[PDB]
Amino acid sequence: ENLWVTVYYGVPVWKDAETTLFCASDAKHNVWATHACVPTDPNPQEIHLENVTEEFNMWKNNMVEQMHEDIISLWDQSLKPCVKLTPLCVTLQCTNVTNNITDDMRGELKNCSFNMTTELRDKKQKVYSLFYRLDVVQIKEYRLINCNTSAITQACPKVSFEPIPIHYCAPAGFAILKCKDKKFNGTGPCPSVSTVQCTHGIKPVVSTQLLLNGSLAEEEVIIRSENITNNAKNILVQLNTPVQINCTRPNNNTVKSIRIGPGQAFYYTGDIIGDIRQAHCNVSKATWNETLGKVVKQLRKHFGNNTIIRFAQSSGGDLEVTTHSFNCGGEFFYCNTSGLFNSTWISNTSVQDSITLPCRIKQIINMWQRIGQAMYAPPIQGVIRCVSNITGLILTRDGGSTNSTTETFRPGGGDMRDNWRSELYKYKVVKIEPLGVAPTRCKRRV
Amino acid sequence: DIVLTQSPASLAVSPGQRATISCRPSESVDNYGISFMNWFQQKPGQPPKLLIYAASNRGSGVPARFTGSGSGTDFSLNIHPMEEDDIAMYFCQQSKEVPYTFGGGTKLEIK
Amino acid sequence: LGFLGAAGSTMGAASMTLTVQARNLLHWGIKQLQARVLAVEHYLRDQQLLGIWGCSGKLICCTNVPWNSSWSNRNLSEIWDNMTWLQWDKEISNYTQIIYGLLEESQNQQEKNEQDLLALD
Amino acid sequence: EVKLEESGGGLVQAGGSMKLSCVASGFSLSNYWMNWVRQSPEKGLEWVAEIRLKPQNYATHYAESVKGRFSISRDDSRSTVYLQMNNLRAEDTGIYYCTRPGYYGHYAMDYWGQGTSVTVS
Ligand SMILES: *[C@@H]1O[C@H](CO)[C@@H](O[C@@H]2O[C@H](CO)[C@@H](O[C@@H]3O[C@H](CO)[C@@H](O)[C@H](O[C@H]4O[C@H](CO)[C@@H](O)[C@H](O)[C@@H]4O)[C@@H]3O)[C@H](O)[C@H]2NC(C)=O)[C@H](O)[C@H]1NC(C)=O
Ligand SMILES: *[C@@H]1O[C@H](CO)[C@@H](O[C@@H]2O[C@H](CO)[C@@H](O[C@@H]3O[C@H](CO)[C@@H](O)[C@H](O)[C@@H]3O)[C@H](O)[C@H]2NC(C)=O)[C@H](O)[C@H]1NC(C)=O
Ligand SMILES: *[C@@H]1O[C@H](CO)[C@@H](O[C@@H]2O[C@H](CO)[C@@H](O)[C@H](O)[C@H]2NC(C)=O)[C@H](O)[C@H]1NC(C)=O
Ligand SMILES: *[C@@H]1O[C@H](CO)[C@@H](O[C@@H]2O[C@H](CO)[C@@H](O)[C@H](O)[C@H]2NC(C)=O)[C@H](O)[C@H]1NC(C)=O
Ligand SMILES: *[C@@H]1O[C@H](CO)[C@@H](O[C@@H]2O[C@H](CO)[C@@H](O)[C@H](O)[C@H]2NC(C)=O)[C@H](O)[C@H]1NC(C)=O
Ligand SMILES: *[C@@H]1O[C@H](CO)[C@@H](O[C@@H]2O[C@H](CO)[C@@H](O)[C@H](O)[C@H]2NC(C)=O)[C@H](O)[C@H]1NC(C)=O
Ligand SMILES: *[C@@H]1O[C@H](CO)[C@@H](O[C@@H]2O[C@H](CO)[C@@H](O)[C@H](O)[C@H]2NC(C)=O)[C@H](O)[C@H]1NC(C)=O
Ligand SMILES: *[C@@H]1O[C@H](CO)[C@@H](O[C@@H]2O[C@H](CO)[C@@H](O)[C@H](O)[C@H]2NC(C)=O)[C@H](O)[C@H]1NC(C)=O
Ligand SMILES: *[C@@H]1O[C@H](CO)[C@@H](O[C@@H]2O[C@H](CO)[C@@H](O)[C@H](O)[C@H]2NC(C)=O)[C@H](O)[C@H]1NC(C)=O
Ligand SMILES: *[C@@H]1O[C@H](CO)[C@@H](O[C@@H]2O[C@H](CO)[C@@H](O)[C@H](O)[C@H]2NC(C)=O)[C@H](O)[C@H]1NC(C)=O
Ligand SMILES: *[C@@H]1O[C@H](CO)[C@@H](O)[C@H](O)[C@H]1NC(C)=O
Ligand SMILES: *[C@@H]1O[C@H](CO)[C@@H](O)[C@H](O)[C@H]1NC(C)=O
Ligand SMILES: *[C@@H]1O[C@H](CO)[C@@H](O)[C@H](O)[C@H]1NC(C)=O
Ligand SMILES: *[C@@H]1O[C@H](CO)[C@@H](O)[C@H](O)[C@H]1NC(C)=O
Ligand SMILES: *[C@@H]1O[C@H](CO)[C@@H](O)[C@H](O)[C@H]1NC(C)=O
Ligand SMILES: *[C@@H]1O[C@H](CO)[C@@H](O)[C@H](O)[C@H]1NC(C)=O
Ligand SMILES: *[C@@H]1O[C@H](CO)[C@@H](O)[C@H](O)[C@H]1NC(C)=O
Ligand SMILES: *[C@@H]1O[C@H](CO)[C@@H](O)[C@H](O)[C@H]1NC(C)=O
Ligand SMILES: *[C@@H]1O[C@H](CO)[C@@H](O)[C@H](O)[C@H]1NC(C)=O
Ligand SMILES: *[C@@H]1O[C@H](CO)[C@@H](O)[C@H](O)[C@H]1NC(C)=O
Ligand SMILES: *[C@@H]1O[C@H](CO)[C@@H](O)[C@H](O)[C@H]1NC(C)=O
Ligand SMILES: *[C@@H]1O[C@H](CO)[C@@H](O)[C@H](O)[C@H]1NC(C)=O
Ligand SMILES: *[C@@H]1O[C@H](CO)[C@@H](O)[C@H](O)[C@H]1NC(C)=O
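Protein chains in written order, with our numbering: chain A, 709 to 1154; chain B, 199 to 309; chain C, 2 to 122; chain D, 396 to 516.
It should be emphasised that the hints constitute simulated quantities derived from the structure, not laboratory data. Check each hint, because a few of them may be wrong.
Unchecked claim - With a straight-line Cα cutoff of 20 Å, these simulated EDC-like cross-link-like pairs (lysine to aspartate or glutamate) come out:
| # | chain 1 | residue 1 | chain 2 | residue 2 |
| --- | --- | --- | --- | --- |
| 1 | A | 723 | C | 92 |
| 2 | C | 32 | A | 726 |
| 3 | B | 294 | D | 486 |
| 4 | B | 241 | D | 505 |
| 5 | C | 91 | A | 1141 |
| 6 | A | 1139 | C | 90 |
| 7 | A | 723 | C | 42 |
| 8 | C | 59 | A | 1141 |
| 9 | A | 1151 | C | 112 |
| 10 | A | 1009 | D | 441 |
| 11 | A | 1009 | D | 505 |
| 12 | A | 723 | C | 90 |
| 13 | B | 294 | D | 470 |
Produce the complete structure using the sequences and hints provided.
As C-alpha cells, then:
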C-alpha cells in the first residue's frame, strides 16, 4: 500500500577509508617496532564474507605508506642513544696492506692510521685500523667517505638488526578485508573475501633486486605491475618456490676498541687472522635454472608467444641499486648478481652445480637514501655464515621492444615501498556504517 | 628491407632423385648463433605448410626426406627421394626482421 | 553469521544480525589517542541523530514520513528478498540527505508540539 | 585443435573499402600475436600486417606496399581479428590468409586458415 521511511541500525555496510593501524608483535634490544608494539592475537579470527566481490587495488593501498613511515621512524629512534663519530674525520694516512693474501679487487682492504682523541681534552692517541676501499676516498692522505657531506653515527653494538614479524590490527569501527583469491594480480574484483581483526605478521626485510624471506605464491609464479606498458615501472615477480642462497665472510676479522671522550667508545677492525679472501654467495645452479624457466613461461603469457626473452645485469646507477643488498650478522654486503641474469631464452630452455657471486662489504651506509645522514656499522668478530631463500624478483623492461621479436629485462630496485607491497597487496581497510533506511510499510502512533 | 633471392625458378626432378633448391639472403638470417630461415611447401587449393624452421629443424609431421642446410647468407633445401607427393611450390622466408620477406616460390615437378 | 557475515545475505535475512554488528561499533601516543577519539565522536553522532528521530531506544523503528516513489523504482518485497544491503545503499545514495532531513523536519517537529498540548491539559 | 576461419571476402570496386575478419578457435587470442599475409600467382607470398599484445600497446606494423590503406585491429573479448582496408587498388587482388607465428624464437607461419578471395575492380 503506502510505503513509509523506516530506520535500521547495525546494518552490515562499509565504505573505503584510511585509518591508522596499530602494530603488534610476539617480541633484549632491537632496532625494530617491538619496542613500540603491544602483544599479538596468537590466532586471529577469520570470518568469510560470502557472495562478496569487493575490489582491491594494491597500488593505491595506503597501508604501504603507513608501514614505510613507521619503519623509518623506528630506525631513527634506535640510534638516538648511540655514539657520534664526529672526531673521526681526520687525515687517515694509509700504507696499503700486508698479510698472506689471496686478495680481492686490488686495494680493496686498506691499513690506515690517525691521531684520535682521548678521555681527556689535553691528550691524543695514535691508533691504526683496517678499512674497506668503499669506506675511504683519496684526497698517501685520505678522507673518510662522506665526512664532507654528513655526520656519522655508530650503531650501538648491542642492538640486533634481525627482522621481527609485525602484525597490524584495526581500530574499532574499522575492519580489514583480505583477498583469498588464487593468482590475483593485485587489482580488480576479488572473488573470495574474508574479514580479519589483524594481518598476518610481516617481517621488515630489506634487500635490493631480489626479495628475500617473503611469502610464496600458492600454485604458480605471479607477475604484476602498476602499468605493464610503461617501461619505467617495476615488475614484481612472486615465486611459488624458494631458491636457497648461501652467503659467507671467511676472513676471521678481530675487533678492537678505544675510549673516546668521557661518555663513549669507538669500535674498529683489528688485525685479520689467517688468509684474506673475497666474500661470496652460492646459489644452486639447478634450482636457479628451473626457476628461470618458470618465470619465462609466465612472462610469455603476458608478453605473448613468439618472443625471445633475454636477461641482463643493470646498465648503470649507484652501488646501492645496481647490486644486491644483504644484512647478515649486522654486516652489510653488496653482491654482484651477474651470472644469475646472464641468459637468453628461445626454446623453453637456455640457448647455451652452483653459481658463485662475488660480494663487497661497506661500513658506511644510508639505508633510506636520505641526504645529510649516515651510519657506521661496527665490525663483527669472526666468520659469518648466512643462508636464506629468494622468494621473488624485481625486474624492469629495458628494450620495451615492439619493433622486434626480442625483449630484454634487467633487475630493478631503489624503492623500498615495492618490498612492502609484496605482502600488503592482500589487504584492504574499510569503515563500518551501521545506519540506513528502507520503504517497508508501517506506522507509528503518536 | 632484406632481399631474399631464390633459385632455380623451377626444376624437374626424376623419381628417386635428389631435388635441390637454394636461397641467398642479401643479409644473413643468423642471430644469437641461430639461423632464422624458414621453408614452406604449397599445393594448389591449399594454404602453405611449414616444413623447416631455423634452417635445419623439421616441423611436426614432416618426413625424413626433407632437410635444410647452410649458414650465413647461403642456404639450401635437399629432398630425397623425389616422389609425386612432393610436387609443390617451395618458398624461403626470412623471419629475422620486420617486414618479413618471402622467396621465389620455386616449382618442383616430376621429370 | 559472524561479524559482517550478514553482508552476503539478502536484506531481510540480514536483520537477524543487527545486534552482532552493534557490538563491534565501539608520537605513538598521539596516533593511539586520535584514533580512539575520532571513533567515539562518530559513534556519538549517530546516536544523536537517532535521538532527533526519536528512535534512540531501538535497532529497528518506523516513522510516519512517506516514501517518495521516485527514490527507487522497485517493489517492496523485491528489495527485501532480491537485494543485499551493500547494493541497496548505492541505489539510494543520492537521496540519503533528503530522507534524513525529512525525518527531522516533517515529523518530529510536529510531535513535540502535540505532546506539549496534551501535557498542558 | 587450432582453427582459423576467414570471412568478409568478395568483389569490391576500386577505391572502395571492406573489412575482413578471422575467428580464433582452440587457443587464447589474448595470449598470442597475430598476422596477415596475401598471395597471388603474379607475386607469390607477401606479408602485409602484424598486431601486438597489450604490453606492446597493441602496436601495429604494415608492409610499405599496403601502409596507410590498410589497418589491423583485434577484439580480445570476442576471440576475433579484423583487417580493414580502403582506397583499394586492382593491385590488391589476391587470396588473404589469417595466420599464426607458431614456434617460439622461430617465428614462422605454423598455422593458416583456409583464406578468402578478395577481388578489386
Ligand atoms: C631469512 O630467514 C632465515 C631463517 O630464519 C635466516 O636464516 C637463519 O638466520 C638466523 C639469524 O641470523 C640464524 O640464527 C643464528 O644462529 C647463530 C648460531 O651460531 C647465532 O649465533 C645467531 O645470532 C645469535 O647469537 C649471537 C651471538 O653473538 C647474538 O649476538 C645474536 O643476537 C643471536 O642471539 C643467530 O641466532 C639461523 O641459523 C639461520 N638459519 C640457517 C642459516 O639455516 C636468513 O638469514 C634470513 N634472511 C635474511 C636476509 O635475514
Ligand atoms: C589484472 O587483472 C585484472 C582482471 O582480473 C585486470 O582488469 C581487467 O583488465 C582487462 C584488460 O585491460 C580489462 O579489459 C578491458 O578491455 C577493454 C576493451 O575490450 C578496454 O577498453 C578496457 O580498458 C580494458 O582493457 C577489464 O575491463 C579489467 N577489469 C576491470 C574490472 O577493470 C587488470 O587490468 C590487470 N592488471 C594489470 C596490471 O594488467
Ligand atoms: C664529498 O666528496 C665526495 C667524494 O669523496 C663527492 O662525490 C664525488 O663527486 C664528484 C663530482 O660529481 C664525482 O666525480 C666523484 O666520483 C664523487 N665521488 C664519489 C666517491 O662518488 C661529493 O660530491 C662531495 N660532497 C660535496 C658536498 O662536495
Ligand atoms: C698495519 O700497519 C701497522 C703499522 O706498520 C702495523 O702495526 C705495526 O706492527 C709492527 C709489528 O708488530 C710493530 O713493530 C709496529 O710498531 C706497529 N705499528 C704501529 C703499532 O703503529 C700493523 O700490524 C699493520 N696491520 C696489518 C694487518 O698488517
Ligand atoms: C661456494 O662454492 C665454492 C666452490 O665449491 C666453495 O669452495 C669450496 O669450499 C670447500 C670447503 O670445504 C673446499 O673444500 C673446496 O676446495 C672449495 N672449492 C674451491 C676453492 O674451488 C665454497 O665453500 C662455497 N661456499 C659455501 C658458503 O658453501
Ligand atoms: C647451503 O648449505 C646447506 C647446509 O647448511 C646445504 O644443505 C646441505 O647440503 C648437503 C650436500 O651438499 C647435504 O648433505 C645436507 O644434508 C644439506 N643440509 C640440509 C639439507 O639441511 C645446501 O645444499 C647449501 N646450498 C648450496 C647452494 O650449496
Ligand atoms: C657485475 O660484474 C660484471 C663482470 O662480471 C660487471 O661487468 C663489467 O663492468 C665493468 C665496469 O667498469 C666494465 O668495465 C666491464 O667491461 C664489464 N664486463 C662485461 C663483460 O661487460 C658489471 O658491471 C658488474 N655490475 C656492477 C653493478 O658492478
Ligand atoms: C655472460 O655470459 C656470457 C656467455 O657465457 C659470458 O661470455 C663468455 O665468457 C667465457 C669466459 O671464459 C668465454 O669462455 C665464453 O666463450 C663467453 N661466451 C661468449 C663470448 O658468448 C660473459 O662473460 C658473461 N658475463 C658476465 C659473467 O658478466
Ligand atoms: C620444452 O620443449 C621441449 C621440446 O619440445 C619439451 O620436451 C619434450 O616434451 C614432451 C612433452 O612432455 C615429451 O614427450 C618429450 O619427450 C620431450 N622431449 C625431450 C625431453 O627431449 C619440454 O617438455 C618442454 N618443456 C615444457 C615445460 O613444456
Ligand atoms: C604458446 O606456446 C605454448 C607452448 O607450450 C603453446 O602451448 C601448447 O599447449 C598445448 C596444450 O594446451 C599443447 O598440446 C601444445 O603442444 C603446446 N604447443 C607447443 C608449441 O608447445 C600455446 O598454445 C601457445 N599459444 C597459446 C595461445 O596457447
Ligand atoms: C550466497 O547466496 C546464496 C543464494 O544465492 C546462499 O545460498 C549462500 O548462503 C550465500 N553465500 C554463501 C552460501 O556462502
Ligand atoms: C695498494 O697498493 C696498490 C698497488 O697498485 C695501490 O694501487 C693502492 O692504492 C694501494 N691501496 C691503498 C694504499 O689503500
Ligand atoms: C705468510 O706467508 C709466509 C710465507 O710467504 C709464511 O712464512 C707466514 O707464516 C704466513 N703467515 C701466516 C700464515 O699467518
Ligand atoms: C699525529 O699528528 C702528528 C703531527 O705532527 C703527526 O706527525 C703524526 O704522524 C700523527 N700520527 C698519526 C697520523 O698516526
Ligand atoms: C600506461 O601508460 C600509458 C602511456 O601511454 C597510458 O596511456 C595508460 O593509461 C597507462 N595504463 C594505466 C595507467 O593503467
Ligand atoms: C680465527 O681466530 C681465532 C682467534 O681466537 C682462532 O682461534 C681461530 O682458530 C681462527 N680461525 C682460523 C685461523 O681459521
Ligand atoms: C637447464 O635445465 C634444462 C632442462 O629443464 C636443461 O635442458 C638445460 O641444459 C639446463 N641448463 C644448464 C644445465 O645450464
Ligand atoms: C626460508 O628460510 C627460513 C630461514 O631458514 C626458513 O625458516 C623457512 O622455512 C624457509 N622457507 C622455505 C624453505 O620454504
Ligand atoms: C619502435 O620504433 C620507434 C621509432 O620509429 C621508437 O621510438 C620505439 O621506441 C621503438 N619501439 C618502441 C617500443 O618504442
Ligand atoms: C518526491 O519527489 C519529487 C521529485 O521526483 C518531488 O517533486 C516531490 O516534492 C517529492 N515529494 C516529497 C518530497 O514529499
Ligand atoms: C512489481 O509487481 C508487479 C505486479 O504487482 C509486477 O508487474 C512488476 O514486475 C514488479 N516489479 C518488479 C519486480 O520490479
Ligand atoms: C533477483 O532478480 C533477478 C531478476 O533478473 C534474478 O535474475 C535473480 O536471480 C534474483 N535473485 C534471487 C532470486 O536471489
Ligand atoms: C545518482 O547520482 C549519480 C551521479 O553520477 C548518477 O550517475 C546516478 O544516475 C544517480 N542515480 C539516480 C537514481 O538518479
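Outcome of the hint check:
The hinted pair formed by residue 723 (chain A) and residue 92 (chain C) meets the criterion: a straight-line CA distance of about 14 Å does not exceed 20 Å. For the suggested pair residue 32 (chain C) and residue 726 (chain A), the alpha carbons sit about 13 Å apart, so the restraint of at most 20 Å is met. A hinted pair counts as satisfied when its Cα atoms are at most 20 Å apart, and residue 294 (chain B) with residue 486 (chain D) does not qualify at roughly 27 Å. In summary, the hint linking residue 241 (chain B) to residue 505 (chain D) is supported, as the alpha carbons are separated by about 16 Å, within the 20 Å threshold.
Under the criterion of a C-alpha separation no larger than 20 Å, the hint pairing residue 91 (chain C) with residue 1141 (chain A) is consistent with the structure, at around 13 Å. A hinted pair counts as satisfied when its Cα atoms are at most 20 Å apart, and residue 1139 (chain A) with residue 90 (chain C) qualifies at roughly 14 Å. Pair hint residue 723 (chain A) plus residue 42 (chain C) holds up; C-alpha atoms about 18 Å apart against a cutoff of 20 Å. At roughly 17 Å between alpha-carbon atoms, residue 59 (chain C) and residue 1141 (chain A) fall within 20 Å of each other, so this suggested pair holds.
As the CA atoms of residue 1151 (chain A) and residue 112 (chain C) are separated by approximately 14 Å, the hinted pair is consistent with the 20 Å bound. At roughly 29 Å between alpha-carbon atoms, residue 1009 (chain A) and residue 441 (chain D) are farther apart than 20 Å, so this suggested pair is violated. Taking the CA atoms of residue 1009 (chain A) and residue 505 (chain D), the gap is about 19 Å. The hint holds against a cut of 20 Å. Annotation: proposed proximity of residue 723 (chain A) to residue 90 (chain C) holds, straight-line Cα distance about 10 Å (limit 20 Å).
Straight-line distance between C-alpha atoms of residue 294 (chain B) and residue 470 (chain D) comes to about 27 Å, which puts the hinted pair past the 20 Å bound.
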